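These are the residues of each chain, in order.
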Amino acid sequence: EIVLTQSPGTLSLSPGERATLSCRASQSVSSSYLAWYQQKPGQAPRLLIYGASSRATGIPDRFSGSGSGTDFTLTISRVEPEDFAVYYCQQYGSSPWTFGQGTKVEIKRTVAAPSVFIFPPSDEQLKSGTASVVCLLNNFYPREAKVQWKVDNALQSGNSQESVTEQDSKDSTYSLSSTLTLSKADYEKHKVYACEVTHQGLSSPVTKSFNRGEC
Amino acid sequence: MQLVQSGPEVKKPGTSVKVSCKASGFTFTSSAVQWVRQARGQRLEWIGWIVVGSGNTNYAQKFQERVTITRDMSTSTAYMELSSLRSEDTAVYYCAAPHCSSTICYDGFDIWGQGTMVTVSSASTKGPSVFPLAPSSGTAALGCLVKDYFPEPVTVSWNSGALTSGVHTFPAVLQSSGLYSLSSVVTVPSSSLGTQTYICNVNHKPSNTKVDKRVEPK
Amino acid sequence: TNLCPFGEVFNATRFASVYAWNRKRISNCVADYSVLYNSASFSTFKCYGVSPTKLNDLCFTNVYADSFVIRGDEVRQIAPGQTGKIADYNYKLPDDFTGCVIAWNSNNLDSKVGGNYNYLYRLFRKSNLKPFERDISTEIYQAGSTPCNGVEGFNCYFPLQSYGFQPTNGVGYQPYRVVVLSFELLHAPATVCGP
Ligand SMILES: *[C@@H]1O[C@H](CO)[C@@H](O[C@@H]2O[C@H](CO)[C@@H](O)[C@H](O)[C@H]2NC(C)=O)[C@H](O)[C@H]1NC(C)=O
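Protein chains in written order, with the entry's author numbering: chain L, 1 to 215; chain H, 2 to 138, 144 to 224; chain F, 333 to 527.
Check before you lean on any hint, since a few could be wrong.
[To be verified] 25 Å max Cα-Cα, derived DSS-like pairs, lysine-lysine:
1. H:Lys219 <-> L:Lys127
2. L:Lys184 <-> L:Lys108
3. H:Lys12 <-> H:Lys216
4. L:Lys170 <-> L:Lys40
5. F:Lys386 <-> F:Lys417
6. L:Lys127 <-> L:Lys40
7. F:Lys378 <-> F:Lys458
8. L:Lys127 <-> H:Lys224
9. H:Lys19 <-> L:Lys208
10. H:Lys216 <-> L:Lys127
11. F:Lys417 <-> F:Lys462
12. L:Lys104 <-> L:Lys170
13. H:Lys127 <-> H:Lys63
14. L:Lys184 <-> H:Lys219
15. L:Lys127 <-> L:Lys170
16. H:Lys63 <-> L:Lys189
17. L:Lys108 <-> L:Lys150
18. L:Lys150 <-> L:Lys40
19. H:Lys19 <-> L:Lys184
20. L:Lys191 <-> L:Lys208
21. L:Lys184 <-> L:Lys208
22. H:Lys216 <-> H:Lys63
23. F:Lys378 <-> F:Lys356
24. H:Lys211 <-> L:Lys184
25. H:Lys216 <-> H:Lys19
26. H:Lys127 <-> H:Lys219
27. H:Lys63 <-> L:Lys127
28. H:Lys224 <-> L:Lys150
29. L:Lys191 <-> H:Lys224
30. L:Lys40 <-> H:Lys216
31. F:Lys417 <-> H:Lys23
32. L:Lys150 <-> L:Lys208
33. H:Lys127 <-> H:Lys216
34. L:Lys189 <-> L:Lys150
Keep in mind the hints are simulated off the structure, nothing from the lab.
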């Protein structure tokens, strides 16, 4: 099986800058069968480049591609905002026609601190029998962000789960939700519930907490 | 021109699923069709391919014994059938082909299908329960937590679509129960917290569940 | 005054694939064609230009006997003016054909449980055959701009495909054996005559 390693894992560029993504193979591959595709979240791939060099009909002059042997590159001369997406390289000369891991082309702006809020369990969820408390990191950059749960002031793992949005097209920020779900009986075993978020846009780790049953 | 695929499918483990690729606007007889799949947020994976004229197939060893690629030229469509479905097989399945004229074919896969979402889980269909998240006592935020549902597609809107600025609906996560939960939030000016009121509406098409809940600060 | 060796052609143990159809030239013998028309063993016996019983009083310099196996649904293409994968890419009779097409079911000899895959036909070719041409090439078919250099793959297809006859096939998919008799006359040495 031909392995395809893509580099870098993700590069971040201000619009109009130069983009250079690379695809490297475990052994030499025919340049006649190597392709690059641009995929945006939710959508199907668009063919960008075929035969390692030739541009797909209707794709803008922005995109170009070259390489041979084991090294291939795709170059975006001036990345218009429509070009921020995932890029996958696929060889199709030798079966199986494997793919690369893909490189993510995100848009780069100045560091922005998260706007972290904490939501205690809804009144009726306790009636239902469980208790979910959510922590919301809002409108930050970069994606890297560490959320630590402290129940009663103590580090908690095992019932946290987080999810991150796509980059907002306007202000180029991510937002993350980390939900902590326990049972009502487990929920009533502790007093103070806290969310401790670490971010590069923060001098000190910001912790937002509440005491159970008071507002 | 285009490639159109079947609907979305949800199947219990160990069964089969067969999705289709109808070609329009190019001489289908002379092209080839390749099937790939992609886990949500992961890389693309090559399943196999087929030569439209001859029906000969090639499969990755991962699926050699479980996948069957066929085509009916009469209706000019292709089919991928996956039997003995594993849980990890849940993904969006894409089908691609090179557009061809009477005389020559394209040297790359340019035509792509829209994708078919295929979910493999023992979990039976369940509607979601919606739980408010009220603002904390110069701007504030609120939302609703849509939890314990299956399968994935859920629509969420605010004030029947009137409020759209600053709304973030996170992609859902799959909890160990095998059901899904997501949360949808929005930020408003703190000044407007008392004058304006916010209700969220969720449609879960699979279970025919339309639920609205209010978010009232306290 | 020796008899024509039809048993060599009709009762041959092995028959050719259509892309490589085999033809035996038969000359300097006496042919009785009415025994064939009344053989009753043939599901197809269609003559063009000449009449089947009427020409048993005729003479020719040489008669050619071309033979091959196809599926039943394709026997109709072995006739003047027809189209399809066989007439276009494998064996084409001319518009001005003078001769006969003879066919019979061969499921009991050429089918095998699990499929007999030795019999092939040409699926890919850049141009249609001219009448009575035989293409035995196995060059990979280039369906795109990229040369194939003898390696099968994307846009690079091996040109021959197998019929895969199985005995439980429906009649249109079971194999039929075909003999085409062509009647040649030139400069009149008159070597093959009726009784
Ligand atoms: C090919 O072989 C067959 C069978 O051996 C011949 O068919 C005739 O079959 C009947 C069956 O009752 C016999 O009585 C005849 O004697 C057979 N013919 C002869 C000439 O012996 C057939 O004639 C052979 N030759 C062909 C078809 O050209």
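To see whether the hints hold, each was checked on the structure:
{"no.": "1", "hint": "H:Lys219 <-> L:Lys127", "in the structure": "holds (16 Å)"}
{"no.": "2", "hint": "L:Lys184 <-> L:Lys108", "in the structure": "violated (43 Å)"}
{"no.": "3", "hint": "H:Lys12 <-> H:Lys216", "in the structure": "holds (24 Å)"}
{"no.": "4", "hint": "L:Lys170 <-> L:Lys40", "in the structure": "holds (16 Å)"}
{"no.": "5", "hint": "F:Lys386 <-> F:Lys417", "in the structure": "violated (33 Å)"}
{"no.": "6", "hint": "L:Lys127 <-> L:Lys40", "in the structure": "violated (41 Å)"}
{"no.": "7", "hint": "F:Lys378 <-> F:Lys458", "in the structure": "violated (30 Å)"}
{"no.": "8", "hint": "L:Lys127 <-> H:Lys224", "in the structure": "holds (18 Å)"}
{"no.": "9", "hint": "H:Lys19 <-> L:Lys208", "in the structure": "violated (49 Å)"}
{"no.": "10", "hint": "H:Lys216 <-> L:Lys127", "in the structure": "holds (21 Å)"}
{"no.": "11", "hint": "F:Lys417 <-> F:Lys462", "in the structure": "holds (14 Å)"}
{"no.": "12", "hint": "L:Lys104 <-> L:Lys170", "in the structure": "holds (18 Å)"}
{"no.": "13", "hint": "H:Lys127 <-> H:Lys63", "in the structure": "violated (32 Å)"}
{"no.": "14", "hint": "L:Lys184 <-> H:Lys219", "in the structure": "holds (22 Å)"}
{"no.": "15", "hint": "L:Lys127 <-> L:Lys170", "in the structure": "violated (40 Å)"}
{"no.": "16", "hint": "H:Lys63 <-> L:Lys189", "in the structure": "violated (48 Å)"}
{"no.": "17", "hint": "L:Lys108 <-> L:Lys150", "in the structure": "violated (32 Å)"}
{"no.": "18", "hint": "L:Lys150 <-> L:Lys40", "in the structure": "violated (36 Å)"}
{"no.": "19", "hint": "H:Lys19 <-> L:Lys184", "in the structure": "violated (43 Å)"}
{"no.": "20", "hint": "L:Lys191 <-> L:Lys208", "in the structure": "holds (14 Å)"}
{"no.": "21", "hint": "L:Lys184 <-> L:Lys208", "in the structure": "holds (22 Å)"}
{"no.": "22", "hint": "H:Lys216 <-> H:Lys63", "in the structure": "violated (41 Å)"}
{"no.": "23", "hint": "F:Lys378 <-> F:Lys356", "in the structure": "holds (20 Å)"}
{"no.": "24", "hint": "H:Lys211 <-> L:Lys184", "in the structure": "violated (30 Å)"}
{"no.": "25", "hint": "H:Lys216 <-> H:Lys19", "in the structure": "violated (30 Å)"}
{"no.": "26", "hint": "H:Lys127 <-> H:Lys219", "in the structure": "holds (18 Å)"}
{"no.": "27", "hint": "H:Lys63 <-> L:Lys127", "in the structure": "violated (47 Å)"}
{"no.": "28", "hint": "H:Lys224 <-> L:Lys150", "in the structure": "holds (23 Å)"}
{"no.": "29", "hint": "L:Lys191 <-> H:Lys224", "in the structure": "holds (19 Å)"}
{"no.": "30", "hint": "L:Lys40 <-> H:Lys216", "in the structure": "violated (29 Å)"}
{"no.": "31", "hint": "F:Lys417 <-> H:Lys23", "in the structure": "holds (24 Å)"}
{"no.": "32", "hint": "L:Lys150 <-> L:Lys208", "in the structure": "holds (10 Å)"}
{"no.": "33", "hint": "H:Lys127 <-> H:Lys216", "in the structure": "holds (13 Å)"}
{"no.": "34", "hint": "L:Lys189 <-> L:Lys150", "in the structure": "holds (14 Å)"}
Consistency with the previously given hints fails for numbers 2, 5, 6, 7, 9, 13, 15, 16, 17, 18, 19, 22, 24, 25, 27 and 30, ordered from lowest to highest.
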